Structures are given as C-alpha cells and as structure tokens.
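A.B. asks: Chain residues, written in single-letter form:
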Amino acid sequence: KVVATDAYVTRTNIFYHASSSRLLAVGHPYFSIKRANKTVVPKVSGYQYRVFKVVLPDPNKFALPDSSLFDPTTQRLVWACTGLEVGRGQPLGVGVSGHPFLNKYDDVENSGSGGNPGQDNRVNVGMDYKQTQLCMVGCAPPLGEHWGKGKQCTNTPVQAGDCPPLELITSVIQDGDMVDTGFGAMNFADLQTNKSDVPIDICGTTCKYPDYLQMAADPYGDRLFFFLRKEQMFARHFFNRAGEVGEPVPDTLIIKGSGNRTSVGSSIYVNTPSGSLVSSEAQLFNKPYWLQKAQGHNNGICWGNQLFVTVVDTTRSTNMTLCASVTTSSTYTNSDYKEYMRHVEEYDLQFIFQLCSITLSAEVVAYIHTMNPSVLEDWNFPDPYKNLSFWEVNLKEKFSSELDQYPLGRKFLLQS
Amino acid sequence: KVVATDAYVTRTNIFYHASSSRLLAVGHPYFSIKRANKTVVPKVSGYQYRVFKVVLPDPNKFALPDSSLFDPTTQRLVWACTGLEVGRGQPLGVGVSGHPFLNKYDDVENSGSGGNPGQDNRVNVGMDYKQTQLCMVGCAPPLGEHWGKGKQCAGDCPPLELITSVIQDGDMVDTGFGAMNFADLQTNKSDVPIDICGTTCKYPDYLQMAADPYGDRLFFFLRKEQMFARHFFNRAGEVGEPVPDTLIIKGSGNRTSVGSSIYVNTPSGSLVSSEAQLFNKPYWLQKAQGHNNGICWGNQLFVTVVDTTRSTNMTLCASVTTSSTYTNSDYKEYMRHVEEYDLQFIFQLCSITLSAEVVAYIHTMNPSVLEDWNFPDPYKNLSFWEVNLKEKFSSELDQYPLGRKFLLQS
Amino acid sequence: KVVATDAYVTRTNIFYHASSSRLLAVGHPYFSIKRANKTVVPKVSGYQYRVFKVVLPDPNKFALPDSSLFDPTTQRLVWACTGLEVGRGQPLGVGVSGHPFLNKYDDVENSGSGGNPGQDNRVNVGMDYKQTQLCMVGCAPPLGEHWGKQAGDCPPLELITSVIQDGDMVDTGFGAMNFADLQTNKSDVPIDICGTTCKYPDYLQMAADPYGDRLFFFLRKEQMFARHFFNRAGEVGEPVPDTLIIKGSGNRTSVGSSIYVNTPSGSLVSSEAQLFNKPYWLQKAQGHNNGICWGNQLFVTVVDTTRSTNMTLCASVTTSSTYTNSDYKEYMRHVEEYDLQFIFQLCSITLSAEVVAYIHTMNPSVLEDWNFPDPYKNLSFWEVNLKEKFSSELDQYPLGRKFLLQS
Amino acid sequence: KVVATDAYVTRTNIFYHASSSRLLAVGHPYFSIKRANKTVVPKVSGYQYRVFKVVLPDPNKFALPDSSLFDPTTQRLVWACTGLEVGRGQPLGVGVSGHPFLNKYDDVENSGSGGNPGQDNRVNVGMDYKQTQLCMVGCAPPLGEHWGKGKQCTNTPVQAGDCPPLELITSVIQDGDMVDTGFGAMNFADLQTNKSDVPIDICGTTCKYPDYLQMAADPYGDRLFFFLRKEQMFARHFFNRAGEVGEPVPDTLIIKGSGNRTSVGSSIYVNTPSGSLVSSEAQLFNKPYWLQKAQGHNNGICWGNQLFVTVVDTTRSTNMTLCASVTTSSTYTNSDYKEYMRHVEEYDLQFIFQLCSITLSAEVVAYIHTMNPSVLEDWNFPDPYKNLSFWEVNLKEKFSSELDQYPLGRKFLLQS
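Protein chains in written order, with full-length UniProt numbering: chain A, 19 to 399, 433 to 467; chain B, 19 to 171, 178 to 399, 433 to 467; chain C, 19 to 167, 177 to 399, 433 to 467; chain D, 19 to 399, 433 to 467.
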C-alpha cells in the first residue's frame, strides 16, 4: 500500500552543493534575559535542541540550464538529499548547570542520625549533565517524547495534594527545546512544582527525548531519513530530598527502631549525573554522511522543497566566564566586579542534493493526494508549522552546481 | 536420540511480521502501593525481569491465502522465529536505591578505634546497583537460580541451597549482593536496600538451560554485566563466626575488643553508553544453540529482558499549600519509574510431515503438541507480561521497520 | 631427542563427550570453621585455585563397541583432549577481604608530623583484591612459585616452586609470598591470606619443560591499581640513610616511618572480559605433549575472581517489635559453581622397540600400568570422576554440539 | 574556476630528505622573565602553539645534478611534500598551572551557606588542563578563532559597567599563542578584567582554537594540506565566583525564602578541567604521515618554497621543579632554598619532498596570477608575514638526495 519513493521518483545526474556558511548564536546558558518586556539576551545552552528548517529553492521554478529534462505537463521536480556534513566550530568542553536553592538535604553516601529537616534546607549546588550527541534528517520535523501531568480523568474530587497522574506526551521538537540531562524526559513545570528539584535551566522548562520508535514506525517515514546518537552518563553523587515523603515505606520492609531512630529518615533519592570524558574520537560531527538508503520508505525526498536537521551536541557546552570592573582601585575587592555567563554555538551546515523528476500518472496523482495533497497543490497540478519555531536556514540563492569548489562537494566527488 | 528440528521440520517461503506496538508500565521503583487491600500503584523498577509471554495465532487454524501449502492430514503447521528486535523507548540513565535503616556501622576504608556498637546504628544510605543487560528467547520460560534457606537435613547460620525456578515478570535481578532470597536469609530486613530486602533476586542458570536436551528454553541469549566496589563498610550486630586467634595477636592498650569483620559492599554500575547497548537493533536467529532451531511450539514465545541502562527514577513534587515563601512542609515528594517497550518479530511458517517415527519422537518431549493438533496449562500459576499477537500478524513485510530491515538483510 | 606426541601417537575418528555436571562448594570466604577438632565449614573464597583432577576411564579396559580398532599386543589406547569448556555459574561480582587489626598507621597520601606511634594502632580495614582470571590444562599438576623464608634482622628470601593444590591462595596485590613465615605479626595483610601462602604460576618453567606435561595451554587476565597509600606501625627495620635527607629540627627531629602499604583494587569486572562459558579447541598445544592424557588423567586449574561476591547472612536470635543489634548474628558465606565439559579423541600407540625405549624414559608407569603408590596422593585436589560419564552420542550435549559444527 | 594542482603541476621521480635535527626550547611554564627591560627567560609551556615556518631552498636556483629535468625555457620547479614525521623527544607527562589568587569561593558540589562573601576570598588553587594534540601542514600559516571584546556597535553610551559584547575574531596563529585549556577560546585580557578568574599562565593572554571550518572552506586550500586532532577533558571540580552576580536568577525560577535564605547564593559556576590519562597508544607523533591526497585543491604544493607546520602537544607538558640552596646548614629550613619552575620541548622535524615541474602556458600564467602573483614575480617570469612570529627552520643546505641515509627516508623507500 505504501511504497518506497524509488518506485515513482526517477533520479537524474544533476547534483548541487549548498552551504549555510558560519552560523552563530550567543547568549546565557541558564535563562533568557528580558527587561522589562522583551528578550535582550537569548538562552543559549549546550543542552538545547538545534532544529534547522532548511528551505530549498523550488526546482520547478529554478533557473536550470536546460528545461529539456522534464515536460512541465505531467512531470514535476523535487530535490533529494544525498550528502550531509554538520560542522561544529567550537573547542570540546563541558559546561555545568546548577541551582542556588537545590532541594538537597544530606549526602546519602554514608551518613545519618541525625535529622530532621526544617523549614528551608535548600543548598547552592552545581553539576555537569549527562553527555548527549544526536542528529536527524527528514522532510518533516522530528517527534519528541516526555512525561507530563496527565489529567485526573475528569470525574471525581478526591484526596488533594497527592501525586500527579503521569501521561506520556509525544510532541514536535522545536529549536531551543531541552534535551534529557539525567533527570528523565519530563515536564518539570508541572511535575516538580517547587522549582527547586532540578537546576534552574530546566526547572521551568520541558526536557524532550526523541521518539525513535514512533518516527521509524510511521508509514511514509518523513521524519527519519536516518539518525545518529551517542549518550553516556554515570551517577556522580547520592543525595535525598527535603520535605514530606509522599509515599512512605511500608512496615513489611523495615523493623521499626527505638533508641533514637523512631523517626524514619527521608528516602526520596536524587542523583547528580555526569557526562564523563568528551573526546574527538567520540565526535559525530565534522564528517560527512552519505544517504545511500533511508530507514523509512521516503528515501531522502525533500517534499515541499524543505528539509529538517535536528542536532544536539553537549560536547561543546563550555560556558565562558566574563568579568567586568565596576570601579578600578589598586586593591582587589569583590564588590568592584560583576561576573557574567555566556555560552556559544558555531555551526556550518553543508548539503548535497540530487535533482529528481516524477512522472505523474493517474495512479501517482492518487497516491500523492493521500500523504499530502499540498505536494500537488504547490505543484499547481497557511503553514501549520508557523506556530512552531525553528532555526531558519535559507538556502535559496545558495545552490551551486560547481561541486568541486566546496569541502563537502570535493568529498562527494571522491566518494560514494 | 534427540535430533535438531532441521531433520523433521520443513521450512517454507512464508514469512510474517508482528509488532507489539508501544508497551508502557509505570510505578514506584522500590515497592508496590496497595491501600488497604489491593494494589493501586505497581512496583516498576529497572532491576526487574521483563518476561513477555508472546502468544501467536495457530497457523493450523489461520486464514492463510492458500491452503495448498500443506495437506491437513499428515502435515501440521508451526511458526519458526527468524527475526527479533527489542525496542527500548526511554533515555539512558541510572537510578539508585536505598534504605532509611541500612545496617551500616563504620566506613571500613580507613577508620577504626572505635566505640562499641549500641542498640540501633542503622543509617539512611543509598547506592547505584550493578549494571545488567540481557535478553533470551525460547518457546518455554527461562530458568533462574538463587540461594535460599536450605534445610538442616538456636539462631545459628542458615544452611544454603541453590534453588532453580522459573523467572517470572517482576522477579528481581541480582544487584551486586548475590542471587539469594533476602526474605529468608537476611531476617532483619535492613542489610540490603528496601527494593530487594523482602524479595528474591534470581540469576539465569545459563549452564542448565544449555544442558537441556531439546533446548526449548534457550534459542539464544545476550548479556552485559559490569560493576565495581564503590565503598567499604562493616555490619552492626553480633559476628556469628569470629576470627580465630591463629590469625591475630590479641591486643591490649584500648584494643582488647575486636571490631566487627562483617564487611558489606556497595556496587556501582559505572558509565552507561550507547555503544554498549544490546537493544534497538535486530537479531537474526540463523542457527540456534540447542536442538530446537527456533520452533515456537504451542504458538507461544518467551522473551526475557533485563535493562538497567534506563533505570532513571523521575522525581515528582506536588504542593500542598501555596504561599509566597518556601517551607518544606508545603510539599510532598514522590518517586515514579517507567518502562517503554516495542517488540517486533519476524516468523517463518513451517510444516511437519507426521510419519510414525515423527509422531513417536514428538510424543516424547511433549505429547500436548500432538494433542493440541488433534492428531490445565501448568504455567498459569506463574505471571508474565502477556502480549497477544493474534490479529497482529501481517504478511506485508515492507510496511514495517523490522520487516524492511529483513528484506535488505539475511 | 624429545619429540611431539604426533610422531608416535596415531589418531582415530572416535570422539567422546564427558561432563561433570554442576559442581558446588560453599563456605566462609575468610577461614575454615572447625570445632573443636575437625572442620565444620570449609574455606571457600573467590581467590582460591580450583585444581580439578579429572579421572578418565582406561581405554584399554573400556567397553568400546569394537575391539577391531587396535591389536592388544603391541598397541595400547589413550585419550587425547580436543575440546574443553570451563563453565562458571554465578553472577559477576566482587567480594572484599579485611583484617580487624590491620597494621595501618597514617593515611600517607597527604598528612604527616607529628606522630608518633604508640603501642597498638591497628585499624579495622577491608579492601577489594586484585582481579585475576586464569585456566590451565595438562596431564600433570601445574607448578606455582612463591617467596618463603645475629638475630632480629630481615629474613632471607627464597623463591620456592611447588604443586598448586585445590584451595591454595592466588596473589592478591601483596605479592606471591608465604605470609605465615615472612609476616610474623599476622596483621600486615587481611585475615584470609595472613596465615596462608599465595602462589603464582611458574609459567616460564612449565613451558620450558621438555615434555610439556604441565602446559597444554593457558589463559590469563590480571588487573589492579593502587587504591590507597598507607604506612606500617612499628620500628623501621632499615632506616633511610642521611645521604637522601636533610635532617629536620623545628618539630621534625623524629623521622616518620617509610614502610609504605598499598591497598589494591581489581576495578570493573565485565562480561566482555570473561574467559569462561566458551569452548577451547586444542588444535595444537604449546608443549611437546599435544593433548595426550597420560595415565588416563587430566588436570584443570582455574582461578576466577570475577564472581567473588560474598553473601551476607543475618539470623534473628530474638524477635521483638524493636530493632536491637544484640538480637541478630551476621554471617559470611561464599559459593563457587562449576560445570566442566570435555571432548576426548581416542588414540592408539604402536609399541616398537624404539617406542618402548622412549616411553620408558619420561615415565615407565605408562608402560607398567599398560601391563607391557601415587606420589600425588599427598597433594589434595578436587576429584572429578568421569568414568561411567563418557558418551559417544556427541549431539546430545552442549559442548558436543559445538564440536560437530566447529573444528 | 579553481582546479586541483594535479592538473597543472607535473610530478617527477626526484625525492629528497630534509631533517631539522634536535630543536630545543627551555623556559618558564607560566610567564616570561624580563629584568628590567627585555626578556631573560622565555615562557615555555606545553599549552603553547608550535608553528614552524619551514624555509626550503629555491629549486630553480638549486644545484641539481642535471638541468635536463626541466627546460628553464617555460618549465618551473616547486617542492611538494609527500612525507612528514614530527619527532617528540620528552617523556610523557602532565604539568599543571594555577593561580595564587584564583577567584574561587565555595565548593559547590554539596555545600551551602552560611554567607556572605566579603572583600577578598581568592584562593591559591592549581589544576591540570584539558588534553590536546594536533598538527597541521600547509604553505600558508593557519587561522585561529577566539572570542574577544566586541564593539558596542559605536553608537550610544548605555548602562556603564555591564557585560562586554562578544565577537568571534579570526586571526593568524603565531608561535607561542595559547591553546584552549577548558575555559574557552577567548581573550582573557579583555573579557576577565580582574585577572583572577583563570590561572596565571592564561589570565593575561589569548587562547586560540583552530578555525577548521574556515580553512577547509578556502578555495585554494593553501592552509590545510591535512590535520590531526585529539582532545579530551572532564569536569574535575565545581566552584562558584565571588563578586556581584551580573545577571540574577529571575523569580520565575525560584521560590524566595523568608528567613536565613533571603540572600540568593551566587549562581556563577567555574569548573576545573582535567586531561585525564595520557598514553603512548594515543600519540600522534613519532610516526610518519604520507601525503597521498590533500583536503584542498592544493595537493601538497609548497608555494613560495616554504611550508608551515603547526603543532600542539600537551602530553609532554611536565614542568621540572628546580631547587637552589641559599645557605647550607645542618638543618632543613625553608628560608634556605629557592624553588623554580622550568619546562622543556624537544623536536625533530623530518620531511621528504618530491620535485615537481610546472609548464607555464598563457593559461597557466593567468591561473597563477590570481591566487598569488608573487609566485610569478619571485620566479622572475616586503613579506606581510614578517609582523607575525614563527619558529624559523632553515632547511636550505639540508636537502639530501641519499634517502636511505636517514630514518624517514628509509621508511619512504620501503613504503607508500
């Protein structure tokens, strides 16, 4: 019923290079800065998704050298992706995140007696997150998964203040969305209401994880051309939370103490992750990928003359420390300096596209109407993604047929 | 006497795809929550065995396109497993377990002197467990082994016995403290963390299941274990068996009383990495280890999975009373763990010509194979994660992920 | 002068499988328990050698299907080993050992001055040992090496070679020495080796032997690192000369002890590092003996410290509604699970005048037992009786199945 | 427009060996020593770039055995690099750097206060840097990138004393420039005015990172024949800064305290990197590289009879401790000794060049005019790099045709 694009999309010999040139975003690794109405400094963190919306020129309106390739009646043109190199341009390094009032109580590794928690015990603790690398390509934006506050199933009023119901939400990954950091793929705005259980750069945001199982199990496979991933983390420390234990340990698992241990210590464990070493040998980027065969049925066809590249790279999350002098004297005084935080991301997207033609028979027109009819409507044979926000990359007027003039173009000639 | 299924099970060209779709289980990583009679929240932990009872449609009553493949008289049909992909759907991460009253006394790494033990010295300590990955396939449930209280043939040391049993869904994996029955051999409930202190941790008896005649339990298996010693402690309480005098020179000057030499070990699973993952990739059963070369007798199939590389425990926090100031008494903190699976299979249809020798050889092994062919289930006392794949078989291989991979491979 | 067994031992097509089934030993990881005369609970530790004396049935008295294979006059039969799988049946894990009065003084990593040591400064410290895996096969027991022993001075050192017995201790990171003699205070190493001898295999000798009866082949995996740095209490037997120091005043007149200690650690254990649960095919041996089981016996030596987890047992002396330490007794128990599988190839030996001569040297009891006291009964092994366990139906068994599809 | 040198550069059978012999530089790992006007002891640190300007003899003025190889009438000679071995001659080891007044406040891993910072809380702390190995070859010096104090876009005076604007500057990497150490590729002299945020060997200098994306994006590719890299680091400790928080955490991300915790702890984190293990198995040096095909269009042609080798090697950064006695007495007294710092670098550069000829047609003369006309002007058919500083290596009078007499020459005969 659903067939590979190989059946009805004919390939040509026309290859093109396109480069995004240097891409830079500079800001604060923890939070956006807006005073007092709109943003002055954007939130730029190594743990954010980078989702590029690559806009391609319409080959049916493209100034090709010869129009003899296709008949305008019954044939249409479309770009196919055959080569890709996501360039990363910063030194390898790890940045850390924290919370001046993290809900930490005791170091759980070997101490207790010895309570009990009071009114405010929040600590100023920082940590390095789990290491994560991933990149995806498709003609439709990727899907993320995360846990959010499920409805109570609208019905009855019961005991209030209880645990929130959990529900697995799938959603579209937007540029700037947070990656999982070692605390799970969940909606911290709803499920951790005290704002003090996770560091400040995620305590009021949502960490989404890619729904690999769904995007590959989608029929047409427009979300997954291919993907790559490298995750690693270990448990660095062991703490416990302050506050009421929402679900106490049953008596079947303990023998109640006396002689000072009548009050049970809190067993709400938190764990600081750590991404360990980062190495060049572990890098996924600064190297080309050749799309010989895609995982789904869509074998790299950029329907709608667009293309989505989703990138997460925490191996260059180093946060630069800036220090400005308020008053210059011959002595060091802490009050004379202001310390700031700044993080950066440098990208270079290079693509290589193959021109393809599609002879539109009555069967092809029917098969294309289902899936998406706007493929036909835009062919002359509103965008629901304008509510979503991406890093727009305009590669119109950037296509070049002279492959050998460019790095990825040179590699493509000598390879594949 | 026992022969490979290749001798009397003829292969066809008929292949089928079947997928369980998304499977979700959500609960408490340490214990089930029941008030006050039946369970409200199940115990769902990354250190539990996931044993799926995959039910297949009977090919002898299946609506095949053509019945010309086999003669119903003297031939019967059975599914053969040729492809498998165990899908895992959560971010990699590590969760920890603990005990508000763990029987820890001293940090034994570099300190002693030491004051004698009192009446209650239990500490609130948590730890990360040993890392474990494994998957098994067979037409019969796997066997686990663990140490329990053996018979004697007042309160001295208990006799030890290694028990073999069937691994059920929800059984606990070994965590670094051994494969034993903590409910019986550790009576104080305070020697291991609370999520295993009243349960039994079983380890698969690889040596036995492979030493089985027909090999119906092990089609194949994969494993990745790793742990190291993170800390060194000792126990509080009476040392049941003291160190002999031949190994010490008794002290005076403050050191007349011997410190306790009952040492404990906190494990650690160390780093988890994508490069070490066993799942989210297909396995092709080209040749099995045992005699049963992938035949799913009874139209059923058992998949056992342990995956501690996605054991992250989510922290939930609800506000009881909202004020402009933070006060600990205004919040309730909860614990929740989740598991997401997507099982994909590829089966090969097979026919068996029943000669007098074939009927005889099949009667031994299991006669219900013949009785169900028309030519009570003792596993219903056990509990598994039931997956009903009837009405889920599809012959259009190329429409599915694992099906697509199978065409271009094998 | 000495030739490979391939020259005068003719191979047949007759192969046999034999399995010991599950072998279990359970005890205390630190010491054997005897009250008050003989042992009640044996010493079972992950750092012990497992030396199996595999007894084979006499092929010259074996009930073979046809006696047409060999002529009893001038020909004799003997088994040749071609396949081996050392099965281990416990979860991977690490156990630790210690000493309630370990001779530890100061943490030497970054602290000193001033002391000073008193009369008793021993501490209750435990540690995890060096990680070690090894296995050997031969028709003669393997050789181990270890260091053994005016007044008051240091003892002279001597490297002794000896037979590795079942239950002997492996090196743990403190050296291959006789702690019973060279460490007289019983408090320098943990209690499970402080009154025993840790032996290391003399690999260089067993391979340098002419006939090579001790080494058919061997495998090894050792790893350790220095976890902590300590020093010893007591008088420094050999003081540091003044050429290497500038003597201090201003509080440092008394020199600190420079007798350094090292707690080892075996680091991670992983499945990828395992040597066991996989078959070894003896296609060609290292020594001259290419797998011939002289005397119808075979020695398998195994060390596996990757399953040294020590189980903690807790029994209740008195049950009340409150926890009190005096109501419980805590115990220690360690276990070892083995499954030995072998595959032997029948061989015949035509005894010419030269063959009888060459066989007389090496060992004449090969001829004497052929009809053509055992000095190892003072040594102790884990006896494995494979008589009545040989089977010719290879495909009925795990290792037998692998041998058909391989080699 | 731009073609590979294979099109217009003809190869010969003439190969030559050249070796720099032992090269030694010895100095102070932290700072240069000048009293009171010019330098007495140079700064020699394992974290410095080693950029060798290798000068080759003019083959058109070379005493070749026969002038019959080329017709002086319309054929010209140029050396092409085909073999290279960068010899390192010191034991593997790690050195550390520190700061007697590092702006460290609290250990942020699991502690909170108990405040508040006073006037001076700087600590004497040292650390081991991120591990870095890299080498490049070209006929033009490499480009580095770093973040510097950007202009306000010269327009308006706004709030004075705030964070400085950031700008990504590309520049030429000179010998002695600092590599990235885990604190970013930035200009610490401008962006950290208190001189106390990073260790003293980088606190008043600029750390440059190679702009791989740009040098590969150049048409002629004269800067990158090839390159190698190995970076690795992890976060060893977690601290925070003293001084005013330049950008405070918004209230949306915290629940303010009423007592004792009214003053928010500082959320400006620092992280000590660590280069972890260094091993022989990870070494890039003491092994030959055969330049079979270059990345750019310039396939190893040494235009201008020169060649640039840029090397960073922190795996032999051990700093030797020297101790001199001021007064000899029978007792140890700290006032009787002076302790010094000394670091060393030992190199042995070996090259193997292939003689090449270029037939100068009207098209060749035209194509060579663009790129660089001094290629023609110096052929007879001021140097703007004299403001930059390199380690000059004169290989004139060092070329030898007896390949088998030398280590790299011997390997070249039996290989490639």
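Take the hints with a grain of salt, since some may be wrong.
[Stated by the list, open to error] Think about it this way: if two alpha-carbon atoms lie no more than 25 Å apart in a straight line, the pair counts; the simulated DSS-like pairs of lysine-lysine are:
no.: 1; chain 1: B; residue 1: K71; chain 2: A; residue 2: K169
no.: 2; chain 1: A; residue 1: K19; chain 2: B; residue 2: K52
no.: 3; chain 1: B; residue 1: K169; chain 2: C; residue 2: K52
no.: 4; chain 1: C; residue 1: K213; chain 2: C; residue 2: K56
no.: 5; chain 1: C; residue 1: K311; chain 2: C; residue 2: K213
no.: 6; chain 1: B; residue 1: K437; chain 2: B; residue 2: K52
no.: 7; chain 1: B; residue 1: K274; chain 2: C; residue 2: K61
no.: 8; chain 1: D; residue 1: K19; chain 2: A; residue 2: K447
no.: 9; chain 1: A; residue 1: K274; chain 2: B; residue 2: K437
no.: 10; chain 1: B; residue 1: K79; chain 2: B; residue 2: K305
no.: 11; chain 1: C; residue 1: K248; chain 2: C; residue 2: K148
no.: 12; chain 1: A; residue 1: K311; chain 2: A; residue 2: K19
no.: 13; chain 1: D; residue 1: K248; chain 2: A; residue 2: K61
no.: 14; chain 1: A; residue 1: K274; chain 2: A; residue 2: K71
no.: 15; chain 1: D; residue 1: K462; chain 2: D; residue 2: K305
no.: 16; chain 1: C; residue 1: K356; chain 2: A; residue 2: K274
no.: 17; chain 1: B; residue 1: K61; chain 2: A; residue 2: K274
no.: 18; chain 1: C; residue 1: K311; chain 2: B; residue 2: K248
no.: 19; chain 1: D; residue 1: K169; chain 2: A; residue 2: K56
no.: 20; chain 1: D; residue 1: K305; chain 2: A; residue 2: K305
no.: 21; chain 1: B; residue 1: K274; chain 2: B; residue 2: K56
no.: 22; chain 1: A; residue 1: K52; chain 2: D; residue 2: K167
no.: 23; chain 1: C; residue 1: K356; chain 2: B; residue 2: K274
no.: 24; chain 1: B; residue 1: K305; chain 2: A; residue 2: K311
no.: 25; chain 1: B; residue 1: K169; chain 2: C; residue 2: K56
no.: 26; chain 1: B; residue 1: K274; chain 2: C; residue 2: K213
no.: 27; chain 1: D; residue 1: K167; chain 2: D; residue 2: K248
Just so you know, the hints here were simulated from the structure itself, not pulled from any lab data.
A.B. asks: Now tell me, hint by hint, if it's right for this structure.
C.D. replies: Checked hints:
{"no.": "1", "hint": "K71(B) x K169(A)", "result": "violated, 31 Å"}
{"no.": "2", "hint": "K19(A) x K52(B)", "result": "violated, 48 Å"}
{"no.": "3", "hint": "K169(B) x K52(C)", "result": "holds, 21 Å"}
{"no.": "4", "hint": "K213(C) x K56(C)", "result": "holds, 23 Å"}
{"no.": "5", "hint": "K311(C) x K213(C)", "result": "violated, 45 Å"}
{"no.": "6", "hint": "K437(B) x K52(B)", "result": "holds, 23 Å"}
{"no.": "7", "hint": "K274(B) x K61(C)", "result": "holds, 23 Å"}
{"no.": "8", "hint": "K19(D) x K447(A)", "result": "holds, 22 Å"}
{"no.": "9", "hint": "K274(A) x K437(B)", "result": "violated, 37 Å"}
{"no.": "10", "hint": "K79(B) x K305(B)", "result": "violated, 32 Å"}
{"no.": "11", "hint": "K248(C) x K148(C)", "result": "holds, 11 Å"}
{"no.": "12", "hint": "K311(A) x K19(A)", "result": "holds, 20 Å"}
{"no.": "13", "hint": "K248(D) x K61(A)", "result": "violated, 30 Å"}
{"no.": "14", "hint": "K274(A) x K71(A)", "result": "violated, 60 Å"}
{"no.": "15", "hint": "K462(D) x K305(D)", "result": "holds, 10 Å"}
{"no.": "16", "hint": "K356(C) x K274(A)", "result": "holds, 18 Å"}
{"no.": "17", "hint": "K61(B) x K274(A)", "result": "holds, 22 Å"}
{"no.": "18", "hint": "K311(C) x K248(B)", "result": "violated, 31 Å"}
{"no.": "19", "hint": "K169(D) x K56(A)", "result": "holds, 23 Å"}
{"no.": "20", "hint": "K305(D) x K305(A)", "result": "holds, 24 Å"}
{"no.": "21", "hint": "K274(B) x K56(B)", "result": "violated, 57 Å"}
{"no.": "22", "hint": "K52(A) x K167(D)", "result": "holds, 22 Å"}
{"no.": "23", "hint": "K356(C) x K274(B)", "result": "holds, 22 Å"}
{"no.": "24", "hint": "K305(B) x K311(A)", "result": "holds, 17 Å"}
{"no.": "25", "hint": "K169(B) x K56(C)", "result": "holds, 22 Å"}
{"no.": "26", "hint": "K274(B) x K213(C)", "result": "holds, 10 Å"}
{"no.": "27", "hint": "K167(D) x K248(D)", "result": "violated, 29 Å"}
Of the numbered hints given earlier, the model fails hints 1, 2, 5, 9, 10, 13, 14, 18, 21, 27; all others are met.
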